[PDB]
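Student: Here's the letter readout for the chains.
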Amino acid sequence: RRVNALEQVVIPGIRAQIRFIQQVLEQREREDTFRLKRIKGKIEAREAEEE
Amino acid sequence: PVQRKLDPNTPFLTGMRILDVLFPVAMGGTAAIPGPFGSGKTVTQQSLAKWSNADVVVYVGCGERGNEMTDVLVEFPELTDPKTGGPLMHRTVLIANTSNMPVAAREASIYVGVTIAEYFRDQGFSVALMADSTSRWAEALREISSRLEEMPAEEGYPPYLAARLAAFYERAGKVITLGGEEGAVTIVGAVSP
Amino acid sequence: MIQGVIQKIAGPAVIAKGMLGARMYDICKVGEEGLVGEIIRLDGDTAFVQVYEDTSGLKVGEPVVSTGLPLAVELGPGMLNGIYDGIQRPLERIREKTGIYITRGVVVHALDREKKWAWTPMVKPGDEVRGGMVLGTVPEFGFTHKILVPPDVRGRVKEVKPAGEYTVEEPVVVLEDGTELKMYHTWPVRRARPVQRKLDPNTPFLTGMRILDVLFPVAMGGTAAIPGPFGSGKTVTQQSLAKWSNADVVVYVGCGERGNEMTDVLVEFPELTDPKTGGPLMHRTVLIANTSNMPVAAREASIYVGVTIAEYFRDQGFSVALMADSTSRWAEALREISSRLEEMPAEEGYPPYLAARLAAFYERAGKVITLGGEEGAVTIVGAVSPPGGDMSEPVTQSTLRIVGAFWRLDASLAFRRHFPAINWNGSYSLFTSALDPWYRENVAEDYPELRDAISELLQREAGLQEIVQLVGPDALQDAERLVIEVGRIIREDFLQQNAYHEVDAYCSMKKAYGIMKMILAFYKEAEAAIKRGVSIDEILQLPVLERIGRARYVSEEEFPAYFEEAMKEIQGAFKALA
Amino acid sequence: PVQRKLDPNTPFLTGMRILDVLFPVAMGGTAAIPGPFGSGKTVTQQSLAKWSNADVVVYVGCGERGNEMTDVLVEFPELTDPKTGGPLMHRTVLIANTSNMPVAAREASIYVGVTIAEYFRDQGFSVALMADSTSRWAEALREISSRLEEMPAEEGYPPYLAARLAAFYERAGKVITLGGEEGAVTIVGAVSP
Amino acid sequence: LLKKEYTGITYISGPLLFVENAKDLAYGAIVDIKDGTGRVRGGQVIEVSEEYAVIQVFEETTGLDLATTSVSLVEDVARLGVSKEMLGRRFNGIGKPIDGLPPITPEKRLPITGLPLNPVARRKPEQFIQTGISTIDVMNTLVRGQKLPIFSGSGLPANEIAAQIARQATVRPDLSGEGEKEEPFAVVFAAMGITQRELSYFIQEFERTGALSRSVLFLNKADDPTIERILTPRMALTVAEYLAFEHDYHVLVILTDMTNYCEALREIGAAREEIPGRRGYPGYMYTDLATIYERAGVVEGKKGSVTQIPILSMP
Amino acid sequence: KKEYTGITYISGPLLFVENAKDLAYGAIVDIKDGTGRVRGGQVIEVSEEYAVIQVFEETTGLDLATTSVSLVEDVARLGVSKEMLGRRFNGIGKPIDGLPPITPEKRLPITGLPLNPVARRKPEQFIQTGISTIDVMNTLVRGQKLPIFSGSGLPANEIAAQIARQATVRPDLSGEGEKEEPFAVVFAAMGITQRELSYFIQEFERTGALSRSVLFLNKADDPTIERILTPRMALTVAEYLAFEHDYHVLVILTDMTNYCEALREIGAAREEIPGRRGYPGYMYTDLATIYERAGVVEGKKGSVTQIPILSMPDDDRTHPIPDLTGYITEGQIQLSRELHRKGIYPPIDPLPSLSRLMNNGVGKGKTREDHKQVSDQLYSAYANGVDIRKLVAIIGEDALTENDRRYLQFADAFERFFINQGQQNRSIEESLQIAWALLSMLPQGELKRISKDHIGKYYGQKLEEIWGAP
Amino acid sequence: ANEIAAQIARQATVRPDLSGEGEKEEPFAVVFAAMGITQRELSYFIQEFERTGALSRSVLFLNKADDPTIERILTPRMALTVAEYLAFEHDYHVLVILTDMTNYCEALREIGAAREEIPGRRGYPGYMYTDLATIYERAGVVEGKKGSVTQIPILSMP
Ligand SMILES: Nc1ncnc2c1ncn2[C@@H]1O[C@H](COP(=O)(O)OP(=O)(O)O)[C@@H](O)[C@H]1O
Ligand SMILES: Nc1ncnc2c1ncn2[C@@H]1O[C@H](COP(=O)(O)OP(=O)(O)O)[C@@H](O)[C@H]1O
Ligand SMILES: Nc1ncnc2c1ncn2[C@@H]1O[C@H](COP(=O)(O)OP(=O)(O)O)[C@@H](O)[C@H]1O
Ligand SMILES: [Mg+2]
Ligand SMILES: [Mg+2]
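Residue numbers (our numbering), protein chains in the order written: chain A, 1 to 51; chain B, 1 to 193; chain C, 1 to 578; chain D, 1 to 193; chain E, 1 to 315; chain F, 1 to 470; chain G, 1 to 158.
Don't take each hint at face value.
To be verified - Okay, the calculated beta carbon distance ranges per label pair: (1) F:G365 x A:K37: 21 to 31 Å; (2) F:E271 x A:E49: 24 to 34 Å; (3) E:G153 x C:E92: 43 to 53 Å; (4) C:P387 x F:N403: 31 to 41 Å.
Derived by calculation from the structure, the hints in this document are not laboratory data. Beta carbons: idealized from backbone N, C-alpha and C, even for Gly.
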């Protein structure tokens, strides 16, 4: 009974939690690099007003 | 404008046992019904349109299917009003803006519906307002902000989403109108995470 | 042609002014040293060129010259028995003039420009020529190389050189419009060569390893993938496919990987022998080799060069097998290049167009009718290396969507020294239902019906795995002991194969068919005897059991008499026992 | 400047059982104590100020509450120095920069404290230096880098943060002073993730 | 009509190129791009302003240069020539025949983006379809005018299910008495990024059934340019709408592997650096998908009907 | 000679210089202010308008009126000589031991040219490191790149010092005795503190190991571009010695985590967009240009062997630094914290360790012929012992069979004697003797992996020999 | 949370007989600062203060949910200014309640995002620590004075 419970119930929930946390962290990283991509373009646009 | 706002003290009867017994909502309150796809938000809202004891029902189909809007146009002119002998459609106002219709018009539909509901409140009626989906309004705001080159807060949403949502849900409540009469507006809004 | 000067240097990115008229993705010569690079962005009078090798030591004002052509390979005689890097530079001739290192800006030619060939013209003046036809033949090792016209060339033949000794540079056919046709031509690596029509994959591509071509077959012109961990057979199964398959010409493409792993295959391959002729295996293969420290552009463009060479050998009527080793490294190089272009990432840092590139690489395989009317096919086998065995990586997910076969390896069977160590409950093939009409005509009538028997017999033990780890095997009922023992002998005689053995390294299809027929005869007669209430211990001691083990090592010519004798013995054994 | 660095061979006694027995710190070594809010970081540092055997104690309050410095000023004059018998406050120097004080002064307080500690090192004393929070220094650097419009790394911190942190910690150690005496500075720094 | 050409290219990078003096190019027009070698590429205007106009290319930009490239206008709105003779033909996904037959003669020219149906003008779908599969007919029944995708896997046989559904679908009028005869479905088949192995299976099944004589195929193979993957379902839906609502046909639309369509959209969205969504997909994917799905249904006062069975693979 | 005075911008680690189009990209410059102090710098951008110089050290005291910039050299070069043996350098070639500077025989660019893949040959000889767990079960081969994975508090530095002090070649075991071969060790330290610097200084000189070693030592507070430059100079010296004097060299890279962090900071300073988890997108190629400089060359007698050392940030093997290293190197040696807390030194964990070039270095003619099967048997027995020890805590010692108790005792004896060697130096013969003595406690016939010929030749010795010095 | 805050404001008192300070008790003065409060909670707070009779001692700063967002920047500062003035000039014992700091943080994030400042975690501005410190750190007790300021902020965890 204990072996079957550990195989069928405990492990898949843990694995789903791993997947969910990984997705959240990756999505936050993508949101954070988007801002840097905007800011570099703003820096490049700033120093071109009259060279 | 109104004169005063009052405390809700009478139930808003929906006809569903679990909502009317375990999780009641008063006449003039607000509620939200989130859920994934296939859960049953639209059937729950159309049942509330059919069976509730509100005098005038306003339905706002903000950015959803067009077949759901044809079902209302076909079924309602035959059904019977719960509190009078007339047809059910004689008490209902529909504002329709489907998904393939222009995006920017999604924002205006919510304001039009809430202004009509407020107008019927001033006459002394009890009005029920049902928003089919507010996530589409949020997406319209996101697209406009993307065109404006604003800096997104989270998930691309503009940082002022919580102000607009707060301003929309505030308008509900039980008031004493400028004419001295009594009226109330209750809002039920669906969310599609 | 277009020339300019350097305006700004910042890492590998070079901005050259005065470049009005240059074309996108052309190859330029940057600096006085002769570095090469592609044009990636045009803006007014300037052009953004990214250099492959490092740019240290360059100064503002050094000239920049564009070649006017994109990245391309040279296709012609002399490519067999050769070793090239990712951009078709021969390493052997680089060694002769440089030493043990590779200096920057070295200039060598892919094809030898001073070797005499025996030209033989197959055309006469006045003949109409269109793209894809044959001008003549040139002998090369055990092959008769055909000199084709470029697909874009058409006209009328004016003069033809007579037979004799000529280099690849000497023009052999000149047309009426003044076009000169040599022994070689160039073709861009990112544009697919045209064909007349793509046929159906109705013929099987024979591997020579029993389990692959029996249970998970791949058709001619099909695509397959083979992922797995270290010590799992990835390398040995590929080099066995290279030797024992029915492909005429083999192309081995090695993306950027470990230096000693490259040294292993660079050393052992000249030792291998071609089974058809007994000569060296090097005489019919082309090698592309790249280490992890070579420029990233060569590593990224390595597989395109190999697939273009395979297409060129397909256009002459041969059957070509292409082996892409560790496409994960190619994906890593693509990720690095996309990072250098400041693209927005998706998933695990990969560019959003990874799946499009993987699809555009795999679709060049297939059996076609060439422009000259001959038939040919290209078969692609691509290895994938997961970081930790996770199948949720973007590369494996994108590969799974397009391949027709999926031979999953696992180290659990390699720990038991069970080779080949593929998992037979994780693998699948999609060419089974289309190969059946060929199967029931060329092999035997019952073969598609017989394969399901082996599959179900192997399946039934997977439903008995929940009781064997609890209760010992000997305590099982005889009706289940029979299934366990016959499945065991299946695993230890049919699934396993010794690639180093003299006769076990190659198995024809009728041999495997006889083995499955004989195993079914054993199982059916054993079940019939079990129905008569006998002990299963006397069944396990039967002399026919060693006849089952010995069936692997019989010669291909010697097999049928052995099969008939085994059939007689197994028919005599079971109904002699009461 | 100093004459020669030395190898640490004498323990720094704090009075805590677990820290003195299981995780010792030498006389010229460095240590860090990170943790979330409420873990006990500040109480540990004030106990170290109260009970350690260092000759002079320097406390640097980079960005914490003001009551934490009011407690030191109220309590310390009444206690007794373990190794001289006088009041405990006679051996303590406090540098205070509370949370609501201006941001740009956070960077200067760390350097002032470490410079005073190095000055007391040259006279032959052994000094213990404690920083209440080194994360607030990083936050101040981020705030200033935001105005400078330079591109940050990872969590918005400026790229040169690691060089500053390395240059701060390497001022510790047991030395031979220019006057021929021997001194030592030990640094304990709290981190607030 | 006279043609006009613009030669003032100023900037080329990736799929986008900038034209300086193109003041009179309408937003959303289709242009033809020609280089010095005579090759012709297509493109669409995606942003027009006083200073310049931005044009995205339908394929790769290899070979273009600022000196000899010229951009010529074709039409202000992307349109497709439709006709009744298109039944039994094959097209490459941008409107060109592949079968080698001469091109058709258009009856009308219609915009490929279509127009939204008026919700008042619709009617409720009511006719039950007997497909022959018990898990579908009894428990998930299909009605004429429904969009009902198949959520496939990586190696699951969804193509066989789609072919079997198309082979056996019938309306069964005897159970209602609202008609007679055996009025068959027309089939519109659109493939996006399909490979040769599945294309061969579909072609042989359609020829074996004999329904290829009343079907229109739009084929965009996996080695074709990626921007053509965007346009392919729109023209198929345009043909389906035209046939159903102008010749009273009952059409059935099959879209294969719209996951490829979604990655195709994501590539362009990343190139245009617009705001992303949940997993890097653009934030407007819901609207774009709605402009494809919501073109089915039935219309009051008309006999035709459109039915869609999309196919997609869950990652 | 020429000096540029057109400074127009100073902010943080960068400064701009006008009319500097004659400066080559990547050159090294000298910066002088009004007080005569001199700082270094490197050019990272050259343009028609201005050049961008990244400055070593802090920029305190600079001003736009008195600052001048002069060129040092166009390409970073290092002067090499055989006299570098026994010398200590600061990471950019400047001596710190107080001895006079060496006279260079040649000046080579520090960035190395790639080796031609057809010019390499397969590694075939081993190095005796003196550690039983490495020599017997994770053998290092001449030309291999075998990194060491360590935690935070684990003694990686002491293991590095012991390996550098004890490593030697064994020509007497190979063939007919071979012929005496020169040997040298190149040591590179990056991001170390003062305590580690002093420890290495005492360790390399207290036992005479300095006379055959070259030390490149870079402190934690030093400028971080020197941290980037240090391992390339170390590999340049190693390549020069090995391929121009037939030396057998061994290169130890003390901490690659500091190198990766310095690379990240430099990439952030030059306004690059980061990749995965903030790290630069080109880290794979940058690490490949360091690791792949080792190997052995056909037609030459020398060899280069690398032992990188890196500290895993959060014991996370999926971190980018361990992940990218695993794609290029041949196996790993992992230190175990559980063994470290129990008093065992060195805490090398045999179970997750692996050497991918073992099969080509061990065998007859280059070591004892029973090496491979003994290693396999030891691994398989320890794997059973560590699980039987866990089962004991639940089901008790009595419920086991006899052979399970033998395995349980074998695991304890293995951990006590084989791994825990202390500071001793063990030859390969002594390690094999101890291994065969440990296998002797198992009954004959339980050793499935070993053939009968070696079992009849070596089985049966007692463990009392090593019990005199545990 | 609002009911607990109202109960605390209703029942809180010192115990001079235990501490021995001797001074007989006088009630707290309440300063109430609401940011983005709804009518449903505002009516409850008003009725509770009416029933407990504390409106004669209380100053209320109200910023309702439909009021403009940027006004939330100023309200806590003026509430604490009035509390500081009363406590440290007229020796009152002042209790301060802030209804929702989350609505203050959203109003700060809007201005931060409109100004293109470098964000911290989850898009909030990097200087939010200092801005929140300038609000919380205005409470405490001053040597040589009778007054005191006590703060009970309320915030909703997302
Ligand atoms: N109260 C209910 N009784 C019976 N069926 C229901 C009920 N609520 C939902 N359903 C079922 O849910 C299905 C679709 O739900 P729907 O209203 O579309 O949810 P959503 O709009 O959120 O996707 C309908 O086919 C209906 O059969
Ligand atoms: N069919 C086979 N027959 C014999 N040995 C095999 C077979 N397949 C794999 N091996 C063994 O596996 C080892 C590892 O080879 P392989 O896994 O192909 O390369 P890699 O480990 O680089 O993937 C080889 O030493 C070989 O002896
Ligand atoms: N050694 C200790 N003995 C008793 N209580 C302690 C000890 N350390 C911490 N605490 C309790 O834990 C709390 C931690 O507070 P403090 O250290 O000031 O905050 P922070 O760690 O967040 O800076 C204190 O209120 C104190 O009561
Ligand atoms: Mg709905
Ligand atoms: Mg604290």
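Student: Using the Cβ atoms, figure out if F:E271 sits within 24 to 34 Å of A:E49.
Tutor: For F:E271 and A:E49 the Cβ distance comes to about 19 Å; the hint is violated.
Student: For E:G153 and C:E92, compare the CB-CB distance with the range 43 to 53 Å and indicate the outcome.
Tutor: Check passed, 48 Å falls within 43 to 53 Å.
Student: How does the Cβ-Cβ distance of F:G365 and A:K37 compare with 21 to 31 Å: does it lie in that range?
Tutor: violated, 60 Å
Student: The hint says 31 to 41 Å between C:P387 and F:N403; measuring C-beta to C-beta, is that right?
Tutor: Since the Cβ atoms of C:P387 and F:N403 sit about 39 Å apart, the hinted range of 31 to 41 Å holds.
The structure shown violates the earlier hints numbered 1 and 2.
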